[PDB]
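Chemist: The chain contents come next:
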Amino acid sequence: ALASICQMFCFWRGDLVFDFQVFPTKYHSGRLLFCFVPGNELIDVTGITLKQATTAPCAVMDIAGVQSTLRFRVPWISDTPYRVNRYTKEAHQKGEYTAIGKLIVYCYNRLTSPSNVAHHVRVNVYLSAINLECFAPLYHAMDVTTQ
Amino acid sequence: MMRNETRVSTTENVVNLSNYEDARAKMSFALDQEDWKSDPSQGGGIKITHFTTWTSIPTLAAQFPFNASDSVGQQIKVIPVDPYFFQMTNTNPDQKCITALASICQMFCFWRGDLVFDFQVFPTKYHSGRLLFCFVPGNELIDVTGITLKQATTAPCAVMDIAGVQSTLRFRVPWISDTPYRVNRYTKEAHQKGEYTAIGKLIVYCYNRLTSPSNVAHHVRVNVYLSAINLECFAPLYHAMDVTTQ
Amino acid sequence: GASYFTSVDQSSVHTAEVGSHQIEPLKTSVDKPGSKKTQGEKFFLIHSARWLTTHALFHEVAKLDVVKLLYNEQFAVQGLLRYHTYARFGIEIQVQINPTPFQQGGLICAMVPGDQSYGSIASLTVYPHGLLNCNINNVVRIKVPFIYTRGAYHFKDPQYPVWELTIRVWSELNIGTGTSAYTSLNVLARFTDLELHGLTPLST
Amino acid sequence: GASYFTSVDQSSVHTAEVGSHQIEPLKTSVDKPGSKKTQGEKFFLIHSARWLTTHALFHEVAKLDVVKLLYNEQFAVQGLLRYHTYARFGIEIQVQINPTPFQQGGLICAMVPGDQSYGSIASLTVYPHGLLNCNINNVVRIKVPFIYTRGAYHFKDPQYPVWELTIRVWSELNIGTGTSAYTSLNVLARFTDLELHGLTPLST
Amino acid sequence: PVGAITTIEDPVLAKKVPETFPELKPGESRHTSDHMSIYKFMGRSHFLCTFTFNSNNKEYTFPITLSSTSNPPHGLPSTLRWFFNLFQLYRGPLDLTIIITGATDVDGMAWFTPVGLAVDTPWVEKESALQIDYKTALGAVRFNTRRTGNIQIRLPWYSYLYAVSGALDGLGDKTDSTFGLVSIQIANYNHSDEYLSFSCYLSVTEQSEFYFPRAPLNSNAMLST
Amino acid sequence: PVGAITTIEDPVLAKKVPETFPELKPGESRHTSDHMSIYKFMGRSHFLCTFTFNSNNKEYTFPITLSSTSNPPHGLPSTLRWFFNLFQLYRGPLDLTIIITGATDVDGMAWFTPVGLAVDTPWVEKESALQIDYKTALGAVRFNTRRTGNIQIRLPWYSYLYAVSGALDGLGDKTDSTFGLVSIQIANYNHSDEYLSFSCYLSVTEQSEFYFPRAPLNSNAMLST
Ligand SMILES: [Cl-]
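Protein chains in written order, with PDB author numbering: chain C, 100 to 246; chain C', 1 to 246; chain B, 41 to 244; chain B', 41 to 244; chain A, 48 to 272; chain A', 48 to 272. A prime marks a further copy of an entry chain.
One chain only, chain C, in its complex shape:
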């Protein structure tokens, strides 16, 4: 939804919201650290220890629990008032960015469990926005971001 809308605008700003839903069993146990690294949609981030990651704003979550969703509200942090929908341009240009940074999902505590339960746990990632603002109408069907 969020996408299909903003896809028709040249600019946007506000706090994006990443909702994480866990699908475990009351028998698993683990923690995942969500870290937002301020910047642009193209910054090599692979070279960041889980430790280094704590410097930036982030939040850890205990999967095993009565609750099931962590809401990550990424504050609007940028050197510009708004970001642009450069996903229409042929290539990329230093400065013309679409994102205010990248989000990371680290493995805080290894996933433990017995043996009569899945050897993993899936997680749905919902996306929405609050305090959103878009302007400068345009047409473009944003394609899939193949991570």
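Bear in mind the hints are in silico, worked out from the structure with no lab data behind them. Don't take every hint at face value.
What the hints assert, rightly or not - Listed below are the simulated DSS-like cross-link pairs for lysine-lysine, each with C-alpha atoms no more than 30 angstroms apart in a straight line:
id: 1; chain 1: A'; residue 1: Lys-105; chain 2: A'; residue 2: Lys-182
id: 2; chain 1: B; residue 1: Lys-82; chain 2: B'; residue 2: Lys-108
id: 3; chain 1: B; residue 1: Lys-72; chain 2: B; residue 2: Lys-183
id: 4; chain 1: C'; residue 1: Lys-77; chain 2: C'; residue 2: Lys-150
id: 5; chain 1: C'; residue 1: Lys-193; chain 2: C'; residue 2: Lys-96
id: 6; chain 1: A'; residue 1: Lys-173; chain 2: A'; residue 2: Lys-221
id: 7; chain 1: B'; residue 1: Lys-82; chain 2: B; residue 2: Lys-196
id: 8; chain 1: C'; residue 1: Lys-96; chain 2: C'; residue 2: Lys-188
id: 9; chain 1: B'; residue 1: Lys-77; chain 2: B'; residue 2: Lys-103
id: 10; chain 1: A; residue 1: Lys-63; chain 2: C'; residue 2: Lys-77
id: 11; chain 1: A; residue 1: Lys-221; chain 2: B'; residue 2: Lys-183
id: 12; chain 1: B'; residue 1: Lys-82; chain 2: B; residue 2: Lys-108
id: 13; chain 1: A'; residue 1: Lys-72; chain 2: B; residue 2: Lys-72
id: 14; chain 1: A'; residue 1: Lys-221; chain 2: A'; residue 2: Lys-182
id: 15; chain 1: B'; residue 1: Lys-103; chain 2: C'; residue 2: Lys-96
id: 16; chain 1: A; residue 1: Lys-87; chain 2: C'; residue 2: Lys-96
id: 17; chain 1: B; residue 1: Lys-108; chain 2: B; residue 2: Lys-72
id: 18; chain 1: C; residue 1: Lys-193; chain 2: B'; residue 2: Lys-196
id: 19; chain 1: C; residue 1: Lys-193; chain 2: B; residue 2: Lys-196
id: 20; chain 1: B'; residue 1: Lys-103; chain 2: C; residue 2: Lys-193
id: 21; chain 1: C'; residue 1: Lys-150; chain 2: C'; residue 2: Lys-125
id: 22; chain 1: A; residue 1: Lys-62; chain 2: B'; residue 2: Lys-103
id: 23; chain 1: C; residue 1: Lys-201; chain 2: B; residue 2: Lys-196
id: 24; chain 1: C'; residue 1: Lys-26; chain 2: A; residue 2: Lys-105
id: 25; chain 1: C'; residue 1: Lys-37; chain 2: A; residue 2: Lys-87
id: 26; chain 1: A; residue 1: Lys-87; chain 2: C'; residue 2: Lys-47
id: 27; chain 1: C'; residue 1: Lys-26; chain 2: A; residue 2: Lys-87
Unchecked claim - Reference excerpt, derived from the structure (chain A' facing chain B', CB under 8 angstroms, subset only):
id: 28; residue: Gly-50
id: 29; residue: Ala-51
id: 30; residue: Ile-52
id: 31; residue: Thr-67
id: 32; residue: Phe-68
Claimed, not checked - Derived list of chain B stretches under chain B', where covered just means 3 residues or more per stretch with a C-beta under 8 angstroms from a C-beta of chain B':
id: 33; region: 46-60
id: 34; region: 113-121
id: 35; region: 175-185
id: 36; region: 218-226
All residues carry an ideal CB built from backbone N, CA and C; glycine is no exception.
Position chains C', B, B', A and A' with the ligand against the provided structure of chain C, taking the given hints into account.
Modeler: Here is chains C', B, B', A and A' with the ligand on its own, set in the frame of chain C:
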């Protein structure tokens, strides 16, 4: 019964950009035809609105040396009195360093007001001398070389003691002319008796020879800034005033 | 005239200034502007190890010089410690793990000042501690003020670690055949009431 | 609950704490405790070159990216910039020299935003400037707010220098045979109203 | 006469009102408005650029760049150039007005494209490579040479930046130096007809702002087409 | 930070205002109107369709169908398509605006034909098969290429339904998926002349309503002419 008849006046679909009343757009691209507020965010609040902003900032117009070798009453430098003046220039990067005052008035046909010649001395607390600045009312083209330092005192002028705690003399040339405004004739091919750009010429005489010991420069340089107060320009035009090679 | 770095000038003159501080009508960033607390009194991941079935009772799963550990480029607080010589403060530690309910056992986390010396392991509860029990909680928090022999800690060249966080097996971690025979553990630390003193260009 | 780095815990428990903040009855250090201003909004020596008799008129004695220069381990402020991505601010520059009264000439110092482009060197006075005259003053100060196309400067990877401090010969430096044919020059800079945003572990 | 002597090196003393000789009040001007009020001055829409169509069903896309670097015709010319270098930061809408010359009965379209978005290659006449859908979406305008011969529409302050500037270097001078782009696409122009020329002029609006004064371009920089 | 953790499966708890880190009030925008107000947004008449006449005294009749099925050109294209699928029910007048391209001195007529009534075969250029009487009766409009070159008339909410929709299946998707039809018939167009093209654009009106939000079309569905 609809009855709203209006006659089609002259100048049908004619375009005029001489002013904003006709230059302003008749429609807009902005969605919902919105507008925009003010925003000094990254502007430090320094919002400009008038060209006065430039015509009041003393910019470097010219530099002239005062050598000890210069004798009493010897003309050191002559400068026309019109904002369009400036002679500063740098070799490389190649550029004809125009002044603020100039770069502005250069876009007008007329001007009037009191031009201000600021003189900055670069001596040492060990030199000693005086320079007389004399403004001869007239036009930008009047043979002035035939004027004794004495004769020069008849016209309005001011002497200055270089050696001192102060360093700048401000020469405010009062608007003196037979016309209400002067014209930017620097665009015309030649010159015409009457069509003048300056209200006269300024002179830098050597009031008292420059004295000094021997362990200090044999001269003293002087920067000449130019700006204007009570300035008024009108009649927009385009032209990049060239350098006045004195 | 104010702040550090003073300048004495004989041939003085006035200062030239233009414009003034312009407050964003529309902020370009919604996060609190950097401050001592923003970058210094926040949490950071210090160390992280494992706890197994193999770990016998009282086994020290981790002996950390909390302080010294924080003093490292890896964490932003470094930027404040890297330029000051001495500094006194308080600390808040948070240790967490994730044992599957099919696991059982427990750990004890204690903030011991200086060194454990020859203190009875069985009395580690005397120190600011936090007990972890699989069947109960999976996280614990501890907060302590400044406790030292000196009026401040010297980073560039320390005398002795302010705090030595110790984590030992309070009760062997056993499980039923099939269950994961381990559980990772993490340690979070942060400064409280961070008092910095003496700006220095040194590094070591 | 507050500050950055939030923690969501299912199997929660209370925090254990001992003692409280103890205010020194007899301080162990009399200097203001480190703060954003202490370590960031203070003066630092950026660059320093010479001005000779050889230097012709308008000669650029120094072209500096004030900002970029400050972003360097050499200065403590780095510790605040090294961990934040963006940041807006104001600047106060102070340039000083020491010409012997037997020397004569002058220099002009101007804070030009972005680049000097093709602006008339003769009009550098339009920008926040400071004129130096041997026979008069030997020091000048300039203070300017934030002036940029963007709402903040990106340190890790800048778009274009916020300020380009330029220092040119306003009037050839001549002297009498025997006098020193030169004079060193230094440039001091500092941030004002330093607004930091976005904590980041990056470095480049 | 106290303002006849001062130390210009001192920022304070330099502001002392200059006065050398005795003068009287200048008086009143004979013309209503003050020609030095930037708003009123640039209010006179000045020249920007001009181009000519050669083949049918083609299009031209010229950008509005302050870049002092970009020399005309592929850049800011005459007055416009000069002006947009007297200060460091600019923002606000601009009342563009384009005049059509020559041809007739030629259907045309034009749309404003914000900085940092897809748009046909600059300063070049070629067959458009954009979805008619995309074009229109950004807000467009159709017109016919016969019926009119001139268009005056306002250009929006739609950019992800706080302001733009001309005086810059390479990098920034390639992103933060542009207001936006304009694109005119013709239709039904059998070249068996006369040539088709376009003239574009820009005028500053009341909603336009100017921040921080720079040192005007040295004469050698002021170019003209 | 309490809104940093919740059970999304619960409809109530999911509405808890999210909040993870400490933020300050965003502030004020620099542009007057809010570009996200559907009315103001679609207020920008977007592209609908386009066709070209070949022979003289002929006519084209294109329907206004929301059908997500009907792929363009024989259907809703670009923006219009996308929009009319964000919700389930639509009703209300629509300000259509059609642009003429090419030919000249060509007399033309156009009329709106409500859903479920006699009308020339859709998406097809052929000789009209309707009584001039019938055409006019439904309310028509005459015009000439020379004198104008564009027409902006409103389209009525005349239908026996409460609302129409795009997302539907076969049957209903063939009746309850249409606003109505438009028909343009030319006259005096000796093909010895230039070609005649028509461009149609639609804009939403204040009297237009939108009910119940749907899940936007997946990218693969969003087509464009
Ligand atoms: Cl006619």
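Chemist: So, for every hint listed, does it hold in this structure?
Modeler: Each hint, compared with the structure:
{"no.": "1", "hint": "A'/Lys-105 - A'/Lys-182", "in the structure": "holds, 14 angstroms"}
{"no.": "2", "hint": "B/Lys-82 - B'/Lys-108", "in the structure": "holds, 27 angstroms"}
{"no.": "3", "hint": "B/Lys-72 - B/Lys-183", "in the structure": "holds, 24 angstroms"}
{"no.": "4", "hint": "C'/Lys-77 - C'/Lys-150", "in the structure": "holds, 16 angstroms"}
{"no.": "5", "hint": "C'/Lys-193 - C'/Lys-96", "in the structure": "holds, 29 angstroms"}
{"no.": "6", "hint": "A'/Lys-173 - A'/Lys-221", "in the structure": "holds, 23 angstroms"}
{"no.": "7", "hint": "B'/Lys-82 - B/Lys-196", "in the structure": "holds, 22 angstroms"}
{"no.": "8", "hint": "C'/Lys-96 - C'/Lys-188", "in the structure": "holds, 20 angstroms"}
{"no.": "9", "hint": "B'/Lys-77 - B'/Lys-103", "in the structure": "holds, 27 angstroms"}
{"no.": "10", "hint": "A/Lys-63 - C'/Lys-77", "in the structure": "holds, 26 angstroms"}
{"no.": "11", "hint": "A/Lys-221 - B'/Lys-183", "in the structure": "holds, 29 angstroms"}
{"no.": "12", "hint": "B'/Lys-82 - B/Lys-108", "in the structure": "holds, 27 angstroms"}
{"no.": "13", "hint": "A'/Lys-72 - B/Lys-72", "in the structure": "holds, 11 angstroms"}
{"no.": "14", "hint": "A'/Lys-221 - A'/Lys-182", "in the structure": "holds, 23 angstroms"}
{"no.": "15", "hint": "B'/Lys-103 - C'/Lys-96", "in the structure": "holds, 21 angstroms"}
{"no.": "16", "hint": "A/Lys-87 - C'/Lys-96", "in the structure": "holds, 29 angstroms"}
{"no.": "17", "hint": "B/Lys-108 - B/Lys-72", "in the structure": "holds, 28 angstroms"}
{"no.": "18", "hint": "C/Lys-193 - B'/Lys-196", "in the structure": "holds, 13 angstroms"}
{"no.": "19", "hint": "C/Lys-193 - B/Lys-196", "in the structure": "violated, 39 angstroms"}
{"no.": "20", "hint": "B'/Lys-103 - C/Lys-193", "in the structure": "holds, 24 angstroms"}
{"no.": "21", "hint": "C'/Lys-150 - C'/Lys-125", "in the structure": "holds, 28 angstroms"}
{"no.": "22", "hint": "A/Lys-62 - B'/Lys-103", "in the structure": "holds, 28 angstroms"}
{"no.": "23", "hint": "C/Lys-201 - B/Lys-196", "in the structure": "violated, 35 angstroms"}
{"no.": "24", "hint": "C'/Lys-26 - A/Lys-105", "in the structure": "holds, 26 angstroms"}
{"no.": "25", "hint": "C'/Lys-37 - A/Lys-87", "in the structure": "holds, 19 angstroms"}
{"no.": "26", "hint": "A/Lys-87 - C'/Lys-47", "in the structure": "holds, 16 angstroms"}
{"no.": "27", "hint": "C'/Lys-26 - A/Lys-87", "in the structure": "holds, 18 angstroms"}
{"no.": "28", "hint": "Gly-50", "in the structure": "violated, 10 angstroms"}
{"no.": "29", "hint": "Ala-51", "in the structure": "holds, 5 angstroms"}
{"no.": "30", "hint": "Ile-52", "in the structure": "holds, 5 angstroms"}
{"no.": "31", "hint": "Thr-67", "in the structure": "holds, 5 angstroms"}
{"no.": "32", "hint": "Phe-68", "in the structure": "holds, 5 angstroms"}
{"no.": "33", "hint": "46-60", "in the structure": "holds (count 13)"}
{"no.": "34", "hint": "113-121", "in the structure": "holds (count 5)"}
{"no.": "35", "hint": "175-185", "in the structure": "holds (count 10)"}
{"no.": "36", "hint": "218-226", "in the structure": "violated (count 0)"}
Violated hints, listed in ascending order, are 19, 23, 28, 36; each of the other numbered hints is respected by the structure.
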